[PDB]
Amino acid sequence: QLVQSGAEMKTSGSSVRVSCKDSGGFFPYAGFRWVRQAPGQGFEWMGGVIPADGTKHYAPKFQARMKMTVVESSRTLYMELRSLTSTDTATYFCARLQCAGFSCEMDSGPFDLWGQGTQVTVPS
Amino acid sequence: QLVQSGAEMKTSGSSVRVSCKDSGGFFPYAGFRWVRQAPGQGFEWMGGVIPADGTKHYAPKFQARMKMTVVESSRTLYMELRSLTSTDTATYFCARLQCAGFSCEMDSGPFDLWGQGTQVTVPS
Amino acid sequence: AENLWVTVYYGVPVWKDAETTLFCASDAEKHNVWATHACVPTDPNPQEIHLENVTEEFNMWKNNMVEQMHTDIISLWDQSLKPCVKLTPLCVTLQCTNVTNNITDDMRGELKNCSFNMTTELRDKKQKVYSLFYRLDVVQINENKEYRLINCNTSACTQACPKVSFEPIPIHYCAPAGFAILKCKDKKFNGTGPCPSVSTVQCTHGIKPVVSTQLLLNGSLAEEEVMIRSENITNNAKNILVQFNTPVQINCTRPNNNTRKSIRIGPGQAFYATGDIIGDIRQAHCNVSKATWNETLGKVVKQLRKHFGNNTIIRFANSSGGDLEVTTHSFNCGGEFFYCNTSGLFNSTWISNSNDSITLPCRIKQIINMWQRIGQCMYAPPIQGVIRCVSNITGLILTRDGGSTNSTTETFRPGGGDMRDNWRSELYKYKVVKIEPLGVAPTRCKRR
Amino acid sequence: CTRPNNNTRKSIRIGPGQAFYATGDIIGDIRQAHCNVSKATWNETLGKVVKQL
Amino acid sequence: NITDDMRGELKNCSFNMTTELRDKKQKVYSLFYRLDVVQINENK
Amino acid sequence: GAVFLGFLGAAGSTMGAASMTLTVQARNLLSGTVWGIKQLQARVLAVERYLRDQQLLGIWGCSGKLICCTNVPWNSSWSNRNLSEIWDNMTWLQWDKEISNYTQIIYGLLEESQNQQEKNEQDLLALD
Amino acid sequence: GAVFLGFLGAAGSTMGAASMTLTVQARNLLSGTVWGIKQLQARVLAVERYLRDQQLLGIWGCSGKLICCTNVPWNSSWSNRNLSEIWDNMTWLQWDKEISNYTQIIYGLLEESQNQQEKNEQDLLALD
Amino acid sequence: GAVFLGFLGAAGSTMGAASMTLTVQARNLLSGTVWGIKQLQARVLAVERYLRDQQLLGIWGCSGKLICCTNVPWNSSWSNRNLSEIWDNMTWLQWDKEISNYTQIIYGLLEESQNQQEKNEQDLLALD
Ligand SMILES: *[C@@H]1O[C@H](CO)[C@@H](O[C@@H]2O[C@H](CO)[C@@H](O[C@@H]3O[C@H](CO[C@H]4O[C@H](CO)[C@@H](O)[C@H](O)[C@@H]4O)[C@@H](O)[C@H](O[C@H]4O[C@H](CO)[C@@H](O)[C@H](O)[C@@H]4O[C@H]4O[C@H](CO)[C@@H](O)[C@H](O)[C@@H]4O[C@H]4O[C@H](CO)[C@@H](O)[C@H](O)[C@@H]4O)[C@@H]3O)[C@H](O)[C@H]2NC(C)=O)[C@H](O)[C@H]1NC(C)=O
Ligand SMILES: *[C@@H]1O[C@H](CO)[C@@H](O[C@@H]2O[C@H](CO)[C@@H](O[C@@H]3O[C@H](CO[C@H]4O[C@H](CO)[C@@H](O)[C@H](O)[C@@H]4O)[C@@H](O)[C@H](O[C@H]4O[C@H](CO)[C@@H](O)[C@H](O)[C@@H]4O)[C@@H]3O)[C@H](O)[C@H]2NC(C)=O)[C@H](O)[C@H]1NC(C)=O
Ligand SMILES: *[C@@H]1O[C@H](CO)[C@@H](O[C@@H]2O[C@H](CO)[C@@H](O[C@@H]3O[C@H](CO)[C@@H](O)[C@H](O)[C@@H]3O)[C@H](O)[C@H]2NC(C)=O)[C@H](O)[C@H]1NC(C)=O
Ligand SMILES: *[C@@H]1O[C@H](CO)[C@@H](O[C@@H]2O[C@H](CO)[C@@H](O[C@@H]3O[C@H](CO)[C@@H](O)[C@H](O)[C@@H]3O)[C@H](O)[C@H]2NC(C)=O)[C@H](O)[C@H]1NC(C)=O
Ligand SMILES: *[C@@H]1O[C@H](CO)[C@@H](O[C@@H]2O[C@H](CO)[C@@H](O[C@@H]3O[C@H](CO)[C@@H](O)[C@H](O)[C@@H]3O)[C@H](O)[C@H]2NC(C)=O)[C@H](O)[C@H]1NC(C)=O
Ligand SMILES: *[C@@H]1O[C@H](CO)[C@@H](O[C@@H]2O[C@H](CO)[C@@H](O[C@@H]3O[C@H](CO)[C@@H](O)[C@H](O)[C@@H]3O)[C@H](O)[C@H]2NC(C)=O)[C@H](O)[C@H]1NC(C)=O
Ligand SMILES: *[C@@H]1O[C@H](CO)[C@@H](O[C@@H]2O[C@H](CO)[C@@H](O[C@@H]3O[C@H](CO)[C@@H](O)[C@H](O)[C@@H]3O)[C@H](O)[C@H]2NC(C)=O)[C@H](O)[C@H]1NC(C)=O
Ligand SMILES: *[C@@H]1O[C@H](CO)[C@@H](O[C@@H]2O[C@H](CO)[C@@H](O[C@@H]3O[C@H](CO)[C@@H](O)[C@H](O)[C@@H]3O)[C@H](O)[C@H]2NC(C)=O)[C@H](O)[C@H]1NC(C)=O
Ligand SMILES: *[C@@H]1O[C@H](CO)[C@@H](O[C@@H]2O[C@H](CO)[C@@H](O)[C@H](O)[C@H]2NC(C)=O)[C@H](O)[C@H]1NC(C)=O
Ligand SMILES: *[C@@H]1O[C@H](CO)[C@@H](O[C@@H]2O[C@H](CO)[C@@H](O)[C@H](O)[C@H]2NC(C)=O)[C@H](O)[C@H]1NC(C)=O
Ligand SMILES: *[C@@H]1O[C@H](CO)[C@@H](O[C@@H]2O[C@H](CO)[C@@H](O)[C@H](O)[C@H]2NC(C)=O)[C@H](O)[C@H]1NC(C)=O
Ligand SMILES: *[C@@H]1O[C@H](CO)[C@@H](O[C@@H]2O[C@H](CO)[C@@H](O)[C@H](O)[C@H]2NC(C)=O)[C@H](O)[C@H]1NC(C)=O
Ligand SMILES: *[C@@H]1O[C@H](CO)[C@@H](O[C@@H]2O[C@H](CO)[C@@H](O)[C@H](O)[C@H]2NC(C)=O)[C@H](O)[C@H]1NC(C)=O
Ligand SMILES: *[C@@H]1O[C@H](CO)[C@@H](O[C@@H]2O[C@H](CO)[C@@H](O)[C@H](O)[C@H]2NC(C)=O)[C@H](O)[C@H]1NC(C)=O
Ligand SMILES: *[C@@H]1O[C@H](CO)[C@@H](O)[C@H](O)[C@H]1NC(C)=O
Ligand SMILES: *[C@@H]1O[C@H](CO)[C@@H](O)[C@H](O)[C@H]1NC(C)=O
Ligand SMILES: *[C@@H]1O[C@H](CO)[C@@H](O)[C@H](O)[C@H]1NC(C)=O
Ligand SMILES: *[C@@H]1O[C@H](CO)[C@@H](O)[C@H](O)[C@H]1NC(C)=O
Ligand SMILES: *[C@@H]1O[C@H](CO)[C@@H](O)[C@H](O)[C@H]1NC(C)=O
Ligand SMILES: *[C@@H]1O[C@H](CO)[C@@H](O)[C@H](O)[C@H]1NC(C)=O
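Protein chains in written order, with the entry's author numbering: chain A, 3 to 52, 52A, 53 to 82, 82A to 82C, 83 to 100, 100A to 100I, 101 to 113; chain B, 3 to 52, 52A, 53 to 82, 82A to 82C, 83 to 100, 100A to 100I, 101 to 113; chain C, 31 to 58, 64 to 141, 150 to 187, 189 to 309, 312 to 321, 321A, 322 to 398, 410 to 504; chain D, 296 to 309, 312 to 321, 321A, 322 to 349; chain E, 137 to 141, 150 to 187, 189; chain F, 516 to 547, 569 to 664; chain G, 516 to 547, 569 to 664; chain H, 516 to 547, 569 to 664.
Keep in mind that the hints were calculated from the coordinates and are not lab data.
Check each hint, because a few of them may be wrong.
As the list claims (entries may be wrong) - For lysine-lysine, the following DSS-like pairs were computed, each having C-alpha atoms within a straight-line distance of at most 27 Å: (1) C/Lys207 x C/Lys117; (2) F/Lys574 x C/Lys252; (3) F/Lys574 x C/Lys207; (4) C/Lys252 x C/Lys231; (5) C/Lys168 x C/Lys227; (6) H/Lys601 x G/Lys601; (7) G/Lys601 x F/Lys655; (8) C/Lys502 x F/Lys574; (9) E/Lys155 x E/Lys168; (10) C/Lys168 x C/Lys189; (11) F/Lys655 x C/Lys46.
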């Protein structure tokens, strides 16, 4: 399962680093996604990283603010959001693309394994 | 299949180089033979080359005239007949020893796969 | 005065042609195949010194730093496949069917989803798993479905590593201490003979190793005119390494949008398949602008009459025949190996006298045999997204025809083969010399 | 030393591009290998050795 | 025809071998010397 | 005047002028996986063939020196040429091509002369 | 008096005294699988960087010598210091820290001076 | 007269005569997969143990020289033998067997003497 950092609280301008460690492998086999959920309204694509080829894919909005890294030793994804704002308050999820047995999607599927969420609140 | 060079015409004294490329592998597994057919009368053993160990076996007649080589890159057998004569006009075949499934003869069997022939005519 | 005695001079400028071991000097992201990160960091502002009044006899055909670069590249391409997966479990009876989604009738029956059984984690359980293969990788088994990979009758392949990238990076070939690399800075240098203006350099320029078949790509252009080179141009068993002076831009693309899907074939080793093609399937191709291609063909045919007479019909033809990697402009474009059909560029007849392009249709393979070895193949993993590369056609590799009776017609059909000509089109300027200091010369002096 | 049988190889394929060179057939009649050491010039060298021993 | 000195010193042992395909088997034979084969179940 | 201050920059100038710029050759003569063994064979070779030259100089009368005048008479049959014609016209390559054959003979003469000189100096110190 | 007879034992004594114990540094400067390649790269390196120093000395006026007095005037802009203050107070590290910048300039002066001296000695022997 | 012109050819002749043919030993002392590493360890060793000898000579008063007369008094307790009996009777092996023990002591004396000579020459140039 993927497990994330605890809920945080930051100031308007500071940088927040979420984390996502997947207990069970799945690192060189699937492609993970970063999705945040504003309070009580849908989801919002925010990134995607295939750790097998090391290809990152940032959304156009969060293209210059954030950057996501991989650490193969500890098997952890990091998503560092630099220029926070009052509107970046959301529950941040890391997901994983669908795996039908032993053949895992790497490029485009529905997210079937989610993280618990990391509620980052930034009031200003 | 084994496919050979096109029909040629040479002069009495010149050297002719036939070729034999085998599309399908069979190079390090079987042993190939060079057999020429005078116009409308039987066959005549002329050589034999196992490309796995690289052992050539020339007939006594064509022992000093010819020489045959192997090229593993392009998978081609060559037979260069140096001292031509008016009596060396014949259809030149390259064959392959019998293969019963996946176990191919290397030393002595009946020829089961032939080349199309290379009609070399040398009048004088 | 006339009483001359021997003197020795250490550190004296004198060289002799020699052969040594050169080392790469590429500059210092995912690693590539040419391991241009174990190379000595490129020395910037290299000290090219002009050598005046010296006339050295070069030779680009008996050169030896082109026989050394070839084996370097081979042994350096093999060393990046040891850590990678070995696709032996994949040699299995597949069950292919044509892909069911909108397919242009040109790309009809060129892809098939073959569903096979695979070994699980557990050596006893099997899984029914599927993938998408190209028609040039599967071969039918019992002609009476049931295909099999093309290379289960010869060596099994080692799937490349998806982290490793095939993109060619400039390599600088340096000469060890005590040696020197003499380049022939000279415009109309047909390859052999003396070079009335030589210079010294420590490291050759960036020689990016590209592996094309019959159209040299991303090369270095000539200085003023389209220079034709060959061992003996009168012979029709030696290729003719034409080199342009203006690049012909070629746009190669693969318009399908693939989608990888990693399949686990053992304990901690995956096989990256192709799960699905999103959209409609469309044939790959390449575009070469007909105006700027016909013009460079005119230039070449003009420079080919300086060796064959002005009243000579020079016509081009498409390739002769043989394997797919020799009758076809093979290359790799972002990690996908195209096999294009150049029978549209080489089709014309020349006699002594817009905005359209020449779409040549390419095939694609994943099971590749580089350097034409017997017991070596290599599965190339899929690449996601539309692929598009923009190259420069810099040279050709033509082959004359043995047309006898001195017919006024000459056919030039392209032909590749040994990759050495690709380097030799870049290592024609250079030769490696061995400095021999410590000369002896008489003068009027005597040791006390 | 001699081996008088006339063997006949036959390569068997046991995997992807790797063969096992078996022995398909023995042509003729089968006969035991052996070696011949001339008894005169062997007994004489044994005499020399026993003299030096 | 085997001379009684070389009797029982060669045997054609016919086994099953893996084909190109990891799932198919082929019944193939060869000739081994008596110093290479060892009987298994003393009760071919 | 700048490129002549570069490695081999005097490869076309006359012996008289080339034998003025010698240090720039003598300095760039040692200074300088699949590439780990291709640059290790390059190191252990550049040092191995420089020490041969230094030893050849050492066993002759002159080690650690660039223009060494020795005590071996120039046998005129080797080149039979005047001085002003070779120190002002020919280049060093042009001269090596002329004397390439008549070498490996001079080296023995130099060795013998130097060892005899060592023994003679030892004798001269002995009777003191 | 014993540890000062050890390698780097005079690293704190003044230049005047340290430049008396020089052989003990010059001697321990060449003498000295997964460890077969870690001790082979250590051998081919210790010899490769010692010959650089010996060549630097040889192309200057002095090879095979420890205190070599040369013929290049000391440009006072390099250190502008008296003698009794640097040969009796500073240590060698303290001095290298002062002259680390104004180096790689002196080496060219030394090379040029030595080659000129070779040519002048050759000329002096010529007119004899 | 020919085999005595070969490597070690004088290994039986007296010290007086053997010390005449020295260059033929000093020349063949550097010149010279599973065999790629067996002939690489042979190269990086032949050069590594030659530089030890050249350095030992250099730190003594004599580098690039074959018969070097030094300035260290021969302590008669080492061999207590006359000259005409060792330069005309014994061979070099026969002598090394006699002095094998009383070595590694002489080397320090030579080093100290040479460095003192360097400093004394520096002083002699200083007061000039
Ligand atoms: C001869 O020489 C010439 C020049 O010397 C060679 O030309 C080179 O060819 C390369 C091979 O294609 C080409 O490489 C591409 O570079 C693109 C730009 O690279 C820079 O930007 C990216 C991201 O901004 C950086 O990561 C990178 O380090 C560089 O800074 C890349 O964008 C390309 O990757 C994409 O394309 C390839 C193939 O098309 C895909 O496999 C790959 O996964 C990427 O896919 C994206 O793009 C396709 C459409 O092209 C989409 O379908 C796909 O979904 C991806 O798009 C998403 O993501 C992007 C980015 O976020 C977003 O814009 C998009 O909307 C989607 O969200 C590829 O890496 C070189 O650039 C090119 N030039 C040079 C100077 O090297 C030529 O090959 C030589 N010829 C031979 C024979 O050797
Ligand atoms: C290459 O070939 C493979 C097959 O090896 C194709 O994959 C199959 O695609 C078909 C068609 O989309 C799939 O069939 C569909 O299955 C649905 C339920 O499947 C479940 O059960 C199977 C096992 O039985 C599971 O493996 C699977 O994951 C599901 O959990 C049905 O409900 C579908 O029927 C419905 O839709 C069709 C029209 O789409 C209607 O006709 C029906 O009446 C009904 O409404 C449908 O039958 C099949 O499951 C896929 N197999 C696998 C293993 O995934 C690839 O698509 C093909 N590649 C291409 C085309 O590029
Ligand atoms: C290889 O197999 C192992 C064992 O099956 C996988 O690890 C295990 O995965 C299961 C399935 O998710 C985990 O069970 C889960 O537990 C959580 C609570 O932690 C529960 O909420 C879920 O519903 C589910 O039951 C199990 O904990 C986990 N065991 C570990 C991590 O020790 C592993 O993921 C597999 N790896 C690959 C690459 O396939
Ligand atoms: C490994 O298997 C492949 C695939 O079966 C072999 O290649 C194929 O061999 C068949 C059998 O000869 C070829 O079919 C033949 O085609 C010719 C026409 O060219 C026809 O006249 C024959 O009757 C027969 O049908 C087929 O073309 C060929 N495919 C190729 C070469 O791509 C291959 O030979 C096998 N290799 C080994 C080492 O076993
Ligand atoms: C480059 O290739 C050309 C061929 O295009 C070489 O010239 C040709 O070389 C062949 C073989 O040496 C000559 O054939 C000979 O002809 C004589 C009669 O002239 C005949 O008695 C011999 O038995 C042999 O057949 C041919 O004459 C010659 N010239 C042509 C074809 O015009 C050329 O030598 C090659 N350049 C090299 C090797 O540097
Ligand atoms: C290489 O050249 C070919 C042909 O010159 C290019 O294919 C052509 O691309 C154009 C540009 O989109 C297509 O035009 C559009 O076609 C669609 C569908 O028919 C139509 O709805 C639009 O109104 C517009 O006409 C064209 O159809 C297409 N095919 C042709 C002309 O036969 C190709 O794009 C070039 N590729 C590269 C990499 O340069
Ligand atoms: C191969 O693809 C390249 C694209 O990478 C094509 O080159 C590009 O061609 C377009 C025209 O379709 C050029 O657009 C030009 O833009 C300038 C202003 O930027 C405008 O003034 C011109 O009127 C024109 O619209 C574009 O600059 C050019 N790109 C480069 C780098 O030169 C090329 O034509 C394609 N060739 C073939 C044979 O398909
Ligand atoms: C082992 O085999 C060798 C053969 O390789 C035997 O040596 C050969 O013995 C024959 C006699 O049977 C010798 O023939 C002699 O020929 C000369 C003229 O050539 C003739 O004057 C003699 O009267 C006799 O017929 C043959 O020369 C000889 N070969 C050699 C190389 O010496 C050998 O006897 C065999 N030994 C045993 C123990 O079987
Ligand atoms: C994958 O494995 C299954 C299980 O063995 C195969 O299904 C059997 O195939 C054979 C061959 O035709 C049939 O005789 C059996 O009746 C099948 N069993 C079942 C339960 O359907 C299947 O063919 C394999 N697929 C491959 C090898 O592509
Ligand atoms: C080169 O061009 C020739 C046309 O002259 C092509 O030859 C034809 O190819 C088609 C397609 O396979 C066949 O149906 C014809 O029978 C061929 N005709 C002849 C005379 O060969 C050829 O395919 C082209 N490409 C090559 C040779 O690689
Ligand atoms: C390479 O392209 C040429 C033409 O672009 C192909 O030759 C044509 O092939 C079609 C069938 O695919 C025939 O109907 C035509 O008669 C051929 N000649 C033409 C159009 O002039 C050639 O087949 C292609 N190469 C390969 C290997 O197929
Ligand atoms: C080679 O080029 C020639 C002409 O340059 C082509 O010959 C004709 O091409 C037109 C296309 O505009 C066709 O309509 C004609 O049918 C062609 N003539 C014949 C006799 O077929 C030829 O098709 C080109 N070949 C290839 C393979 O591209
Ligand atoms: C293809 O060729 C063009 C033209 O030669 C190259 O563009 C030149 O690149 C050089 C550097 O290598 C620059 O100094 C020139 O200014 C460029 N000229 C123009 C007109 O842009 C191009 O780099 C080559 N390679 C490609 C396009 O991948
Ligand atoms: C080769 O494989 C075949 C197929 O399994 C074996 O034949 C079977 O052998 C077992 C063992 O005695 C019998 O119970 C079956 O009845 C046989 N099946 C058939 C169809 O005959 C054969 O024994 C194997 N040969 C070996 C291993 O040498
Ligand atoms: C040869 O070249 C040198 C290069 O410096 C030049 O000085 C000399 O004058 C030239 N000699 C000629 C052209 O005769
Ligand atoms: C599949 O494609 C092949 C082309 O090789 C064709 O012969 C066959 O009829 C096609 N079958 C179906 C069902 O599309
Ligand atoms: C290259 O030039 C030399 C000298 O002019 C000439 O001898 C040689 O034949 C030329 N090479 C070709 C292929 O024309
Ligand atoms: C190519 O150009 C030449 C002249 O430059 C012209 O005669 C010929 O018709 C052109 N060919 C094409 C196909 O445009
Ligand atoms: C061997 O030779 C010896 C004498 O040479 C003789 O006495 C003895 O009988 C010989 N033995 C045989 C077996 O010939
Ligand atoms: C086969 O040879 C063995 C020798 O080990 C013998 O015991 C057995 O009887 C023989 N059987 C046949 C049928 O020849």
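Earlier hints that do not hold, by number: 5, 8 and 11
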